[PDB]
Amino acid sequence: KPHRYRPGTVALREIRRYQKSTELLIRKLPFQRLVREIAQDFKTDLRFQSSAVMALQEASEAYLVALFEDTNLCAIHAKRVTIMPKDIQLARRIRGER
Amino acid sequence: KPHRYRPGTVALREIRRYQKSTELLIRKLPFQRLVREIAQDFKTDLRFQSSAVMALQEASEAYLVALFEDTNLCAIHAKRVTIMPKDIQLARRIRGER
Amino acid sequence: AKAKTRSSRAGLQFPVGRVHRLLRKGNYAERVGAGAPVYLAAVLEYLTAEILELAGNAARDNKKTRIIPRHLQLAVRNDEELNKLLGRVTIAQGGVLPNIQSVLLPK
Amino acid sequence: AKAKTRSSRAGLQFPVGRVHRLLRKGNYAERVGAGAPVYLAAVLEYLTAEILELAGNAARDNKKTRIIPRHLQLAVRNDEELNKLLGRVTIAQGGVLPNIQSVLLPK
Amino acid sequence: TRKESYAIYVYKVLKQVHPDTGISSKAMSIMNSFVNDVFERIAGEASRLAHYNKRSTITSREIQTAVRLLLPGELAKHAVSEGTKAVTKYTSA
Amino acid sequence: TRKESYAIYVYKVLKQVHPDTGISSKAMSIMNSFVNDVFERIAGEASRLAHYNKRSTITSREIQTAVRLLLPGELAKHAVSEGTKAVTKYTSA
Amino acid sequence: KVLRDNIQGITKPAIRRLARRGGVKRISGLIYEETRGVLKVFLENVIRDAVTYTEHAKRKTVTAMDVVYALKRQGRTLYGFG
Amino acid sequence: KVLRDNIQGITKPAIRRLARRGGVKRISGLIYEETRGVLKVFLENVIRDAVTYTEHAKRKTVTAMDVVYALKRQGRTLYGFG
DNA sequence: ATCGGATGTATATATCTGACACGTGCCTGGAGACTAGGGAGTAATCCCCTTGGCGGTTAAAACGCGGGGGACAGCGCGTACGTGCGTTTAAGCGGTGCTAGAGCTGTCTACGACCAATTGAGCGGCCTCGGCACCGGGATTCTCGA
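Chains as they are written, first to last, in my numbering: chain L, 81 to 178; chain R, 81 to 178; chain S, 224 to 330; chain V, 224 to 330; chain Y, 63 to 155; chain U, 63 to 155; chain W, -7 to 74; chain C, -7 to 74.
Quick caveat, the hints were computed from the structure, so don't treat them as lab data. Heads up, some of the hints might be wrong.
The calculated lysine-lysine pairs, modelled on DSS-like cross-linking and capped at a C-alpha distance of 27 Å, are [stated by the list, open to error]:
no.	chain 1	residue 1	chain 2	residue 2
1	W	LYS64	V	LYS248
2	Y	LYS74	S	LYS286
3	U	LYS65	U	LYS88
4	R	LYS123	U	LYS88
5	L	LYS123	Y	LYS88
6	C	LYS52	C	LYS64
7	U	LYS147	R	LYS123
8	W	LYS32	U	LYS147
9	W	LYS32	W	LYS64
10	W	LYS32	R	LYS123
11	W	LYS32	S	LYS248
12	U	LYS151	V	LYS286
13	U	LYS151	V	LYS227
14	W	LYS4	U	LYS139
15	R	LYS166	W	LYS4
16	S	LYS307	C	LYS(-7)
17	R	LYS159	L	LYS159
18	C	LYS64	Y	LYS147
19	V	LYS307	U	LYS147
20	S	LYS225	Y	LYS147
Beta-carbon label-pair distances, calculated as ranges [said to hold, decoys possible]:
no.	chain 1	residue 1	chain 2	residue 2	range
21	U	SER87	W	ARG(-4)	34 to 44 Å
22	U	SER87	C	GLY67	20 to 30 Å
23	L	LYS166	W	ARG51	25 to 35 Å
24	U	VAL79	W	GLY21	20 to 30 Å
25	S	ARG311	C	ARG18	31 to 41 Å
26	U	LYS74	L	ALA146	27 to 37 Å
27	L	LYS166	S	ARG311	35 to 45 Å
28	Y	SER143	L	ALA146	13 to 23 Å
29	L	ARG93	W	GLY21	37 to 47 Å
Some chain V residues close to chain L (C-beta under 8 Å, calculated; not the full set) [to be verified]:
no.	residue
30	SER231
31	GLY234
32	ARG293
33	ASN306
34	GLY310
35	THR313
36	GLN316
37	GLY317
38	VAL319
39	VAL326
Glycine included, every Cβ here is placed at the ideal spot set by N, Cα and C.
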C-alpha cells in the first residue's frame, strides 16, 4: 500500500531544513530579469553588477522571510495555521508600509 | 423608569469627541512625578523644563494612542471588540519593540 | 554699490544668506555650490507653501482664521505623500485625525 | 627620530592614524580630540572581539574553522544586546535563526 | 540673545497663499521645527552622496538628486521644477 | 588603485581571541562593512551632539556619551572601560 | 525626596480615555498595568538618553531639546520646541 | 529589448519555499500574487532610489553600493558589499 | 498505546579544490617635529525658572452595581490546501566574444574661500485689540421603549 505523510509534516521538515539552510531560495535569472524589467521603467538600458543584483535578491528575500515570519506570528494571533492576505496587509500596516 | 444607553454607545461618543478634541488626556502632575521618579533612577536631583515635560507627555501619549490604534486594528483582525494583552505584545513585536 | 539680497535676485522669501551660513556651519562639504542654497531654499519655500495652503484650507473649513496645530495635523494625515514624508514624525497638539473602523459601528 | 604608532602607544590593533585621517576627511567637526580616535578604535576593537568571538563559537560548534556568514547571523541573533544593536540591520548570506512556534508542532 | 527663525517668512508666504488667515505661535514654532528638520535631512543626504561621489562641493545637481531621493512623486517633481526655475532666475542676473 | 580595509586588523583580533578559528572572505567583508557602518553611526551622532554643544572640536567625552547613546546597556559600560583604558594607556605615553 | 509608584498614578480612566482617542470600544483589565509597563519601558529609554544629552551638556536641569534629539535618534521626532 | 511580466516568473514553489523558511505551514493561493505585488512595490522603491544614486553617479551601470546606501536610507542596511 | 515498515536524516569516508593563509616589493599615510590661534575652560555675575509649599474645587477618580454583549468553547461541514506523483521547463554551467562604459590619468579654469568694508534685513521688545475661548440658552438630532 502506498504511504503518504500527514499534511504539513513534509512541509514541517521543509521548514526545518530551510531554517537549517542559508542560501537563496529564488532562481537567479528570473529575479534578474524582473529587476531589469523594473529598471527600464525608470530608465532603459542600464547595466548592473552581479554583486549588485545578488545583494538585491538577498536583501529582498530577507525582507520577504521577515514578512512571512511576522505574518505567521499574526496568524498565530489569528489562531489559524492557514495564512490570509489581510494578515500580510495589516502586517505592512503595522510595519508602517501603508 | 431609569434610562441607560446600550454598552459602547457612551464610549463610542467618547471616542468621537476624543478624535474631535486634541488636548492631553493625562493629568499633568502625576505624569511629572512619574518622570522625576524615572529620572532619579539614572541620576538624582535633576531639574526640568515645563516645556520639556510637556513635550515628554505629548510625545508619550502620541506613541500610546498609536499603540492603542494599531492594537485596535489587530483586534479587528482578531475579530474581537475586546482587547487582549497579547495583541499589544505582538503589536510591539511587529513594531520591532521585542 | 547698493547691496540687494541674493534671494531678491532669486525672487524668493527665505533668506538664502542665512541658508548658506547654516550650510557652511553645517559641516557638509568643504565648499558649497553657489546655486545649491538657492535651489534647496526654493524647494523649502514650495513645500512650505503647500503645507500652509493645506492648513488654511482646514482652518477655513473649521471656520477659523487663526490656524491651530490641529488643522495642520489633520492636513498632514490628509496628504498621502506628505504623510509618507512625515508619518515617522510626531506632531505636538496633533491628536488623531478622525478614523472610524467598520466593525466599530453599531447596528 | 624614534618611531612608534599611536596604536602601539595604545597597545592595540586598529589604526589610530588611519581612522583619524578618516574622521578628518569625514567632515564632522573642525578640530578633533587627539584621543578620540584612540577611544573609538578601542570601542571598535571591543565590539568586534565580541561578535567575532560568538561567530567562532558557532563555527567550532559546527566544526568550522573558517567562519561563515551564517555563523554571523546566528551570533547576532542570539545575543540580546547585539541583536538590539543590529535589529534593523541585514546580513548577506544570513538566513534565519532556528525558530518554530508552539502551535506549529502537531499534537 | 539674538535667536534666528523663519516665522516672518512663514507669515509672508502665508499671506502669499492665504492673506486672511492667522496662526498660533505654537503652530509657527512647529512649522519652523519642520523647516529645520527638512533642511538637516536634505543637507545630510547631500553631504553623504557627495561623499559617495567623493565630492567636496555640494551643488544644485546634488540638491535636486537628494530631493528626488527624499520627496515622493509629484512633490519631488514640483520641488525640482521650482528650484530649477529659481536658480535660473538667480543665474539670469 | 589601493583600496584600504581592515581584514588585517580583523584577522589580528580574531587570532587574539581565536588563534584556531579561521575566517571567510565573505564574512570578512561583512565585518568590514559593519564596522564602517557603526563608525559612521558614532561619527554622525557625536558630530550632531557637538553641533548641539556648538563646539567645533570633537573629543573623547563626546565619544563616550554618544556610544552610551548607541549601545544597549552593559556593552557600552564594558566598552567605555576599555576605551578609557586606551586613552589612559595613550595619555600615559 | 525619594519618589516611587507614580506609575499607578496613571489612572485607568486616563488609559481608557487614551484608548477611546485611539478608537477602541471594549478593553480588558489586564491591559492597563501592562500598558503602564510599556509606557515605563518606552520612557525608560528617552529620559536616560535625554539626560545623557544633559550628561554631555554638563547641566543639572533637563531641557526639551534633549528629548527632541532623543526622539530624533529614536526615529520619533517631534516638532514645536525649537 | 522591452521586458515584461517577469513578476509571475516568481514561482509559487519559490514563494512557498520562502514561506517554509519563514516557518509557515498552511498557505492560501490569494497570497502569492498579492505577495508578488508587495515584492514589486518593495523593490519599486529601492532600484529607483538606487539608480537615483546612479543618477547622480552619472553612470550607465548600477552598482551594489547604490542599494547599500538605499537600504541605509531605507533603514534596512545590509553588510558584505563594501 | 506499540510495533513494523518507510523514509528521511546525521556520519565516515576520499579527494579536489579553490579560497585562503602567507609572504614581497613597493608605496604614502602615518609618525615625528614645529607654529599658531582661539576653542575651549574658568570665573564672577545676573535671572530667573524651578522647585518648593498652601488652600479651595470639583471634575475627576474610586468604587460599586447590574447586565446585556460578546469571548469563547464547542460542533458540523467543506472547501481549500498539503502531497506525492506525474508531467514539462526554463535554470544553471560554461565558455565565447564585443565593448560601453566604468575607470583611470592629465590638464586647466571657474569657483567658492576668505577677508574686508558696509548696513538694512531682521530680531528683541512694546503696545493693542479681535478672533477666539467661554458661557448660557435655545433648538436639533440620536436612541431606546412602543
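Hint-by-hint comparison with the structure:
1. The suggested pairing of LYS64(W) with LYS248(V) holds, with an alpha-carbon distance near 25 Å, which does not exceed 27 Å.
2. Distance hint between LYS74(Y) and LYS286(S) is fulfilled; the C-alpha atoms sit about 22 Å from each other, no more than 27 Å.
3. Restraint check for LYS65(U) and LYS88(U): satisfied, since their Cα atoms lie roughly 16 Å apart, inside the 27 Å limit.
4. Taking the CA atoms of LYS123(R) and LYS88(U), the gap is about 44 Å. The hint is violated against a cut of 27 Å.
5. This hinted pair does not check out: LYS123(L) and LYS88(Y) have alpha carbons roughly 45 Å apart, beyond 27 Å.
6. Under the criterion of a C-alpha separation no larger than 27 Å, the hint pairing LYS52(C) with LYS64(C) is consistent with the structure, at around 22 Å.
7. Of the supplied pair hints, the one linking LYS147(U) and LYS123(R) holds, its CA atoms being roughly 25 Å apart against a limit of 27 Å.
8. For the hint pairing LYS32(W) with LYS147(U), the CA-to-CA distance comes to about 34 Å; that exceeds 27 Å, so the pair is violated.
9. For the proposed pair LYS32(W) and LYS64(W), the alpha carbon gap of about 19 Å is at most 27 Å, so the pair holds.
10. Taking the CA atoms of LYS32(W) and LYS123(R), the gap is near 16 Å; set against the 27 Å cutoff, the hint holds.
11. A C-alpha spacing of about 38 Å is found between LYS32(W) and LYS248(S), which places the hinted pair above 27 Å, so the restraint is violated.
12. A distance of roughly 38 Å separates the Cα atoms of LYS151(U) and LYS286(V); the hinted pair therefore is violated under the 27 Å criterion.
13. A hinted pair counts as satisfied when its Cα atoms are at most 27 Å apart, and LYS151(U) with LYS227(V) qualifies at roughly 14 Å.
14. For the proposed pair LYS4(W) and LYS139(U), the alpha carbon gap of about 38 Å is over 27 Å, so the pair is violated.
15. A hinted pair counts as satisfied when its Cα atoms are at most 27 Å apart, and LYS166(R) with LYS4(W) qualifies at roughly 19 Å.
16. For a cut-off of 27 Å, the pair hint linking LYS307(S) to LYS(-7)(C) is broken: about 35 Å separates their Cα positions.
17. The suggested pairing of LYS159(R) with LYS159(L) holds, with an alpha-carbon distance near 11 Å, which does not exceed 27 Å.
18. Taking the CA atoms of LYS64(C) and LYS147(Y), the gap is near 31 Å; set against the 27 Å cutoff, the hint is violated.
19. Under the criterion of a C-alpha separation no larger than 27 Å, the hint pairing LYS307(V) with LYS147(U) is consistent with the structure, at around 26 Å.
20. Note on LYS225(S) and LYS147(Y): the hinted pairing holds, with a Cα-Cα distance of about 25 Å set against a maximum of 27 Å.
21. A C-beta distance of roughly 56 Å is found between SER87(U) and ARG(-4)(W), which places it outside the suggested range of 34 to 44 Å.
22. For the pair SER87(U) and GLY67(C), the beta carbons lie near 28 Å from each other, so the given range of 20 to 30 Å is met.
23. Separation of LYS166(L) from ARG51(W) is about 50 Å and departs from the stated range, judged on CB atoms against 25 to 35 Å.
24. The given range of 20 to 30 Å is broken by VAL79(U) and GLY21(W), whose C-beta atoms sit roughly 51 Å from each other.
25. A hinted range of 31 to 41 Å for the beta carbons of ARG311(S) and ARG18(C) is consistent with their spacing of about 35 Å.
26. Between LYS74(U) and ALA146(L) the CB atoms are about 34 Å apart, so this pair conforms to the stated range of 27 to 37 Å.
27. Between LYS166(L) and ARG311(S) the beta carbon distance is about 24 Å. The supplied range of 35 to 45 Å is therefore violated.
28. Distance hint check for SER143(Y) and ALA146(L): the Cβ-Cβ separation is about 38 Å, which falls outside the suggested range of 13 to 23 Å.
29. Separation of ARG93(L) from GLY21(W) is about 43 Å and conforms to the stated range, judged on CB atoms against 37 to 47 Å.
30. Look at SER231(V): its Cβ only gets to about 36 Å from chain L, farther than 8 Å, so that hint breaks.
31. Interface restraint check for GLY234(V): the shortest CB-CB distance to chain L comes to about 37 Å, outside 8 Å, so the restraint is violated.
32. The beta carbon of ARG293(V) comes within 4 Å of a beta carbon in chain L, closer than 8 Å, and the hint placing it at the interface holds.
33. Given hint, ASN306(V) at the interface with chain L, is violated; its Cβ is 14 Å from that chain's nearest Cβ, farther than 8 Å.
34. Against a cut-off of 8 Å between C-beta atoms, the interface hint on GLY310(V) is violated, since the closest Cβ of chain L lies about 11 Å away.
35. For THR313(V), the interface hint holds, the least distance from its beta-carbon to any beta-carbon of chain L being 5 Å, beneath 8 Å.
36. For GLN316(V), the interface hint holds, since its Cβ comes within 8 Å of a Cβ in chain L; the closest pair sits about 6 Å apart.
37. Because the beta carbon of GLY317(V) sits about 7 Å from the nearest beta carbon in chain L, less than 8 Å, this interface hint is met.
38. Against a cut-off of 8 Å between C-beta atoms, the interface hint on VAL319(V) holds, since the closest Cβ of chain L lies about 6 Å away.
39. The beta carbon of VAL326(V) is positioned within 8 Å of a beta carbon in chain L (closest approach about 6 Å), and the interface hint is therefore held.
Figure legend: structure checked against the earlier numbered hints; hints not met, in rising order: 4, 5, 8, 11, 12, 14, 16, 18, 21, 23, 24, 27, 28, 30, 31, 33 and 34.
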